[PDB]
Amino acid sequence: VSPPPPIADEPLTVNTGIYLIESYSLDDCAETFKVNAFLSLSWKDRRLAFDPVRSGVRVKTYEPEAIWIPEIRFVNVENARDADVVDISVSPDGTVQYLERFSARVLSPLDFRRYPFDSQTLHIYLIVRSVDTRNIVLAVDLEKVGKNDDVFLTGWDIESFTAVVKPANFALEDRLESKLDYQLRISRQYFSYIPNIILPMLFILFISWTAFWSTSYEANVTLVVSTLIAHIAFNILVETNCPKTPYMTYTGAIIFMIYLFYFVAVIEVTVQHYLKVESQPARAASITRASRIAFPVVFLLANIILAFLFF
Amino acid sequence: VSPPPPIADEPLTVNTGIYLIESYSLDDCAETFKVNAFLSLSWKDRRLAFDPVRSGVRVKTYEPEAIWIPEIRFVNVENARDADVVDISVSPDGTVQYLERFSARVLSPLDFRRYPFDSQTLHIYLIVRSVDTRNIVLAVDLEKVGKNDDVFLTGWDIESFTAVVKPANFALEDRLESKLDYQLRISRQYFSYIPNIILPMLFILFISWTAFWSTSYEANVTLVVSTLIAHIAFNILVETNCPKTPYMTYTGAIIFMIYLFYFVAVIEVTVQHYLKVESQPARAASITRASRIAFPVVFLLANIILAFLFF
Amino acid sequence: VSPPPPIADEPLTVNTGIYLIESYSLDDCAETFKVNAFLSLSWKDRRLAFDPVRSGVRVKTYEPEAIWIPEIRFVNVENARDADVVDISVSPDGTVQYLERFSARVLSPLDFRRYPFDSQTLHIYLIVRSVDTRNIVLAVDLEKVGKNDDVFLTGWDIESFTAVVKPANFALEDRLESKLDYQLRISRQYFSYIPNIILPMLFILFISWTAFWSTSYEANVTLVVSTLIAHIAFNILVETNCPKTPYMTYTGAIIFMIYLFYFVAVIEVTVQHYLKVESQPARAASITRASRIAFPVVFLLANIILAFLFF
Amino acid sequence: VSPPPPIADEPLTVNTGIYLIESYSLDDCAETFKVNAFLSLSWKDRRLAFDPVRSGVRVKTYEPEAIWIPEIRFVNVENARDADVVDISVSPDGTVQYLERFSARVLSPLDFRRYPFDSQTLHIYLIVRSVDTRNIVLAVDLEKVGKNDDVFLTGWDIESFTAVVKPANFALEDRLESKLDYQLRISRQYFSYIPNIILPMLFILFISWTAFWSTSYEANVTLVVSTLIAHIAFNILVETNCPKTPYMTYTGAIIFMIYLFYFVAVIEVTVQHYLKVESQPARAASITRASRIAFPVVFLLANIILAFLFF
Amino acid sequence: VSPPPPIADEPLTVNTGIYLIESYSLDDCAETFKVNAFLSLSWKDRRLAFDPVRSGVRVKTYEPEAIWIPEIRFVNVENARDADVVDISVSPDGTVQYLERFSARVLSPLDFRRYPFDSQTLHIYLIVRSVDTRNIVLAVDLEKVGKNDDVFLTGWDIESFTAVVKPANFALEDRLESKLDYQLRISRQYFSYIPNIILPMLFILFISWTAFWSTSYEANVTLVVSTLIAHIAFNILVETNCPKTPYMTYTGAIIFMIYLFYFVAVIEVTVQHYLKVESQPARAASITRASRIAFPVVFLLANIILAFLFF
Ligand SMILES: CCC[C@@H](C)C1(CC)C(=O)NC(=S)NC1=O
Ligand SMILES: CCCCCCCCCCCC
Ligand SMILES: [Cl-]
Ligand SMILES: [Cl-]
Ligand SMILES: [Cl-]
Ligand SMILES: [Cl-]
Ligand SMILES: [Cl-]
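Residue numbers (the entry's author numbering), protein chains in the order written: chain E, 5 to 315; chain A, 5 to 315; chain B, 5 to 315; chain C, 5 to 315; chain D, 5 to 315.
Hints may contain errors.
To be verified - Once the Cα atoms are required to be at most 16 angstroms apart in a straight line, the calculated EDC-like pairs of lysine to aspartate or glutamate come out as:
| id | chain 1 | residue 1 | chain 2 | residue 2 |
| --- | --- | --- | --- | --- |
| 1 | D | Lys183 | C | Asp153 |
| 2 | B | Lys151 | C | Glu177 |
| 3 | B | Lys151 | C | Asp178 |
| 4 | C | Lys170 | C | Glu181 |
| 5 | A | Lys151 | B | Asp178 |
| 6 | D | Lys248 | D | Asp136 |
| 7 | C | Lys248 | B | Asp31 |
| 8 | A | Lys38 | B | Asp178 |
| 9 | B | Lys248 | A | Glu104 |
| 10 | A | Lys248 | E | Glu243 |
These are calculated hints, taken from the structure and not from any lab test.
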């Protein structure tokens, strides 16, 4: 139980691969996702080499304790992987074929700027710290990287499970460290978003705009203010349950603009009344009449500006 | 501790059986359910065979470490099953009778399209990866598949516990994998749904429709808008608190239609007043009178269309 | 480590016992209660017999690994018991005296039909699967059953901790299984219930009835509708946090009836106004005057009907 | 190994103590608190006694496996303590000095009757079950009982960590049990309660009382009812998140009283209008004028009665 | 497995270092943060020293069980560290180079007085208890104290990861303790705070101030009270979810002042009406006109006072 010696002065290349079995619990708030997968490792340890003629066997099976296995760890895991060795197979030349089944809650940041049209790239970082005896470098076996066809994330389109084939080798505390990036690309499945979140919220803003075809200040205060309460209550109903993102989101910008529209509508309603009370019903009625077109138009344009601005 | 050798080139047939002891924690949000059950495994290892005359014993009991046991794993489990071996029995011919008790949170998707009248089929996938020495294939022992009569899920009718007898054998990473599906069929209990969710939500809506027997715009704005707030508060009140399904549900469609009805009712109330203010009380009163029948009728039909459309 | 042999063809009687140390985490939603307790087990393994003269000890203490212990398991536990062996003592005859401190989240259904006046019987099921060598049957040593006086459940009166002395012996997967029932009887502590839940909700409904001493439709719409919003907001404030029980509860029936009363009150208010607007202030005022008595009376009787109906 | 033998017929006295290192996660709802602390155990085992002259060492260090250690357990812990042995030191006379570092979630009831001015006594119960060979009794070593100066609980003043020096020795299942009570006294930091909870809630109440300087029934219904909604919404905003305490709290009594005041205020507003409509504006105006003083006075007195009643 | 002996009467110096790999789950409510990092320990054990000539090896690798490793523990961790030894290397002189990978939820208080402009210093306390044989003192190896560049906390600026080089040596339960302070500095990066929390909350407040350009008491009651409900509902929407901080926060002071402004605005509205009803429309209109400037000015100044007062 010591690393295999180098033929020359070459480092030990370990052939990695992750095959996704199950993907679940994608926590948008915590920026985590639980994955249940296979981990395939391969390296050549000539100390384990055998003659298939003399041995009379094609490949020999070993116990993890019996042979030297590289210390492969994950970088962005919450709690260390629940490892279960499935099989260890040494071919006659000494090439070890290691396979384990694991499950891990992965920490991977998410960008909600383009939400709910957002797409995400989920990372799984593999790492190996080079020993005293020799240096270890990770490699990707593209045949052993993939995902089950049943692999799902509710509300997401699982685009691809790939791996940046070139490791990021670097020095950490006077030792070499070889890091591999495994990427899971997903795009949001948002059709229910329009009837469930946008349209209802829109009718609410629209009900406020009916105050442009009314002269009763009592009815108009009730119109714009009550729809504001209705809007806040509606947003309480839908609400994401995630702490505010430090950055400004697309949906967040629209919501901000909606609060601004309720404020401006109150200004109009207030002005309309003050002009009417200050015996200027020419200006009072003209503003109201303008707003009837101004509010829907400006809203429509301001959303076009934002949509363009974010996408 | 190596697989039993084949008589000829035949694969190892492992006879399974899952007997449900307890079923609990069905998370509609997470699409999981925890299950407490028995796992019965059986295979013939002639290396372990004996003469009952010479041995003087009926059946010999072994420790898991002592004999070769196939690596049976579950496909759709969150964290690897809490396994406890109950008994291992080897009959004189070498037939191993393995039984373990386990508990695992099983990831199984749910279809809420027909909610709350929905029925679900819960999957438990058994799998075995074929070794170098020989190929392993799973089989179902229908005598050892069942469930306790005490097995319950609050709010569900546990219909059946059945098993797809024919395994799905396939190749994965150059090795054969035999997969079995165990189905748990459940149907929802929607007794309380009508008085707890549907009826109060309908009363709130009907309160809005009373604005068709009134000419006071102040009282009418108050009627349709306040019921809208009441409706949103009532929906906050029900609190399913499951993130919106990406897809459109039956209940979700009705709710959408309800938001639309509140909007249209505001249009009517607004129009009624504008016609009355624009000295056309013939059209004003006629629309209000029409709506008195139009709103209940269109609602009734639109729900019939949906009910039919979803069921 | 094999069962003790029978003198004649008698089964092994494992005398049991459960002594509650702590009881906590009663989750009404999950139908679970966490219990921290002692487990007392006794059987005769004559293979362990000794002469105290030759031994020099009147009783010998053993490690769990050293001797044969029955495989006792709990039926309705979420995750396998957190077992800690306190003591194993053998008397000269070979009578084993086992004691273990365990803690487990027990799954036991709850009947909320009579809530908040409901009483519950929480179950803890002990089981043992009979082996090939000999059959095992469980018994209750009534002296080693009981509960600490400090044992509490906030908001419940812990009535008793008793055992169904006669085990339920049955056949499961061709083997005998002996099951014991441990019952924990509890009754709820309502009383905060009247000032915290009923009266404030009851006041809100009476505030709606003040619309029977008013003729202003604007003030009456505001009265009955605003109290409806107040009622929903109040129920959001109290709310149980449990998903709807599939069955109709007593409290749930009252709440349903309250929603119905808000609807009927809106009908009255609407009718009163329509009669007054259709120049029939004789009928308008008579209905309002009737309601003044009708609403409180019908409510009082309808609650009496329900109280009687549920209890 | 086996307990030390008694010199005469005396029981083994175990001197126990621990200094709180960290205290965190005080869950008011669950009546639990996580504590991270030291556990110091001491007893004399003359079998381990040595001559410091012959040995040439002052104190010998042992491994837990090597010597006999008493089975000390905690009575009120959720899941069994996370024990880590720091040091075992045996003095020449045979006095063992055991010290472990542990962390455990402790179940200890809380009395919210005087909330938010409440003070609490948190219990940690130590226990030891006496063996067959000899009886074990617990003692407190006051030098080894303490709490870190850094030990904090957010929103609590950590007063004293003391221990009831005299154990509660009792018989349980025919064996002696010695129990020590360690108490953690804390007082609540209620400063932010006045500006955050009591004053905004009261401003809301007073806004309702402005209806005593108004004659408009429409404006008065709006005043008292809308402030009621505002009050419920405000209470939803502040809300503790803890299930209802079965008993009546001080804050709970005030809140009850507030709901009663909103009801009575609606009675006044209703009466005032009915008298005014019944052409009796002498009585109408007199009641309103009375209330202007009656409501603030009765409130002030009723709170004095309660404050006195609870404290 | 006993501490190395001192050359003279010197204590054993253990050179420490913590390298942050991942930082996640910063719970503002619980005052915790999970950290995934490296722990580098170094000391000289001359009992392990060797001749590189005779041995033919530069550095020898040992198993944790084989050699003596100091009992290093963390002070402020929730649950015992998830330790995994990466490498143990002994140089010819006997200098041990220990490296492990750990993950732990660290309890570290937070000061929200200056929230959301607040900055925090996160502590990680290393400790070692001095043994009987010799005294142990901790040291910082500044070369082995860093953080990964990828290390992130969403909504925070990870400024630095430093260590107080001089340990805090003290006596605890008659033994010497050496404690090291590793402090992580983070400044809250909450850009989105103004458009997401402040701006909408202010629009809501200003809507109330429009009641200064109106004489309709019905419309004015509706203005100030409804905006107050809107404000509470808005605050329910943006709710932090953390229990009230015992102390007064900056944001909390502003919110308090906002509740006070809604109260004063109701006083004005009430007074304005009473003066108008008591035939004094000179004073009524003058106060309303004053308020138009008084309310915005006093608000602006009062916020300047607070901003200055807190920062
Ligand atoms: C004319 C008073 C209407 C009133 C009940 C009003 C709207 C101003 C409403 O409709 N809803 C709510 S939640 N608050 C209010 O004050
Ligand atoms: C008219 C004001 C409506 C108030 C709605 C409040 C909803 C709060 C829900 C909070 C759930 C925890
Ligand atoms: Cl890991
Ligand atoms: Cl599994
Ligand atoms: Cl169990
Ligand atoms: Cl314990
Ligand atoms: Cl630690």
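Hints that the structure is at odds with (numbers, increasing): Violated hints: 6, 8, 9; rest satisfied.
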